[PDB]
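Student: Residues per chain are reported as follows:
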Amino acid sequence: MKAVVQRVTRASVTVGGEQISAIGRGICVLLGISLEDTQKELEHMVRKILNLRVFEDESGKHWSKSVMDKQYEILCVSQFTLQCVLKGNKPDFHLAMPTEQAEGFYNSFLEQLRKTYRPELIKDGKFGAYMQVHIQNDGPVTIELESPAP
Amino acid sequence: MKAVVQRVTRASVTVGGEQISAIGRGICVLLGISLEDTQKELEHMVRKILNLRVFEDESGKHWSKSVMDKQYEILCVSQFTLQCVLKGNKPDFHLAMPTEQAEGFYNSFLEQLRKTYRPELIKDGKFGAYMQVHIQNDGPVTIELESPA
Ligand SMILES: [Mg+2]
Ligand SMILES: [Mg+2]
Numbered sequence: 001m002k003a004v005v006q007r008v009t010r011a012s013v014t015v016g017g018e019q020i021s022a023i024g025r026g027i028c029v030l031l032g033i034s035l036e037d038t039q040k041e042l043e044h045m046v047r048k049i050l051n052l053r054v055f056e057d058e059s060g061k062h063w064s065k066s067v068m069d070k071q072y073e074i075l076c077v078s079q080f081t082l083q084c085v086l087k088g089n090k091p092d093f094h095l096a097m098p099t100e101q102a103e104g105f106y107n108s109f110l111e112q113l114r115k116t117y118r119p120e121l122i123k124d125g126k127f128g129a130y131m132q133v134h135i136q137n138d139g140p141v142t143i144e145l146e147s148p149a150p
Numbered sequence: 001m002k003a004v005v006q007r008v009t010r011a012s013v014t015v016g017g018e019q020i021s022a023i024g025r026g027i028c029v030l031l032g033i034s035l036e037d038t039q040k041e042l043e044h045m046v047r048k049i050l051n052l053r054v055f056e057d058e059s060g061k062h063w064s065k066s067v068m069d070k071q072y073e074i075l076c077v078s079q080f081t082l083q084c085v086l087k088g089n090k091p092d093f094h095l096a097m098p099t100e101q102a103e104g105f106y107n108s109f110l111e112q113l114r115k116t117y118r119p120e121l122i123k124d125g126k127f128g129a130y131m132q133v134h135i136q137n138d139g140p141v142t143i144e145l146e147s148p149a
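Here the protein sequences come in this chain order: B and A.
All residue numbers for the first sequence refer to PDB author numbering, where the first residue is 1 and numbers rise by one.
All residue numbers for the second sequence refer to PDB author numbering, where the first residue is 1 and numbers rise by one.
It should be emphasised that the hints constitute simulated quantities derived from the structure, not laboratory data.
All residues carry an ideal CB built from backbone N, CA and C; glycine is no exception.
Don't take every hint at face value.
Dumping the calculated DSS-like pairs for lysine-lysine here, alpha-carbon to alpha-carbon at most 30 Å [stated by the list, open to error]:
no.: 1; chain 1: A; residue 1: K123; chain 2: A; residue 2: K87
no.: 2; chain 1: A; residue 1: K40; chain 2: B; residue 2: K87
no.: 3; chain 1: A; residue 1: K70; chain 2: A; residue 2: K40
no.: 4; chain 1: B; residue 1: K90; chain 2: A; residue 2: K65
Which chain B residues stay away from chain A? Per the calculated CB distances, all over 12 Å, these [what the hints assert, rightly or not]:
no.: 5; residue: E58
no.: 6; residue: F80
no.: 7; residue: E111
Quick look at which bits of chain B chain A covers, simulated, 3 or more residues with Cβ under 8 Å [as the list claims (entries may be wrong)]:
no.: 8; segment: 47-57
no.: 9; segment: 88-94
no.: 10; segment: 133-147
All chains, full assembly: derive it from the sequences and hints.
Tutor: Here's what the structure looks like:
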């Protein structure tokens with residue numbers, strides 16, 4: 001499992017100009033699920049996202065508070081392209097989990113996130129859809145996470 | 001050297017509320033200079049970014065065309081937070097090149113991009129600054145790139 005995490009002042013997902021979801025301050029997670037991914041990686045990745053210290057405290061010290069410390073929001077979007085192998089210049093996605101299983105895995109992942117944090121502060125894209133993910137990256141701050149190695 | 005590349009329908013940078021840079025369709029590249037990066041990694045990374053096949057052809061075939069094939073734009077922003085977290089739950093900076101040496105590499109990287117592609121299609125943020133980077137990720141499509149190893 002891989003994730004790209006971007007700290008946002010706001011973020012939203014549109015499908016065909018229709019706004020699907022939107023968050024204010026918090027974190028946008030692009031989530032790459034691999035073929036070899038299991039419940040262990042699912043649970044480990046949730047813990048890492050929720051505990052990632054990307055926010056300031058009241059004094060303004062950097063890297064001192066997680067999304068949960070701040071009671072901020074999380075926008076998760078499924079992103080199989082992160083499971084890319086770069087032989088030549090064309091991407092190959094053989095390491096990504098196929099969409100039939102991946103949708104179930106993704107849904108279970110979002111559900112662990114909601115039960116570990118607060119459901120109302122967790123927003124999603126639309127798994128199969130051609131989306132525009134509007135990301136107002138605050139800083140910018142961008143962190144790569146991986147769980148096969150936690 | 002590490003990069004996160006996002007395919008965009010548009011992207012922009014604001015500092016202090018003012019939009020200082022914007023592109024239309026293309027890629028937004030967040031670039032992380034590492035401690036032992038050389039001109040070698042820099043040249044390799046430019047090449048990879050410029051030929052990355054993240055665009056469709058004119059028949060709609062996925063993964064077939066690069067930014068240059070499409071004559072699309074590139075917004076490049078410096079981002080030192082791309083190094084591995086490994087231990088703890090905060091960004092890790094010990095592997096990032098100190099800002100002083102890094103700024104020279106970053107500017108060299110932009111000059112290489114411009115020389116190898118089209119200068120008028122290349123935009124950047126503002127190296128020192130606290131930026132809002134507005135990214136309309138198209139798909140979304142996101143690719144992680146890395147040189148040395
Ligand atoms: Mg993200
Ligand atoms: Mg990017």
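Student: To test your reading of the hints: which numbers does this structure violate?
Tutor: 1 and 6
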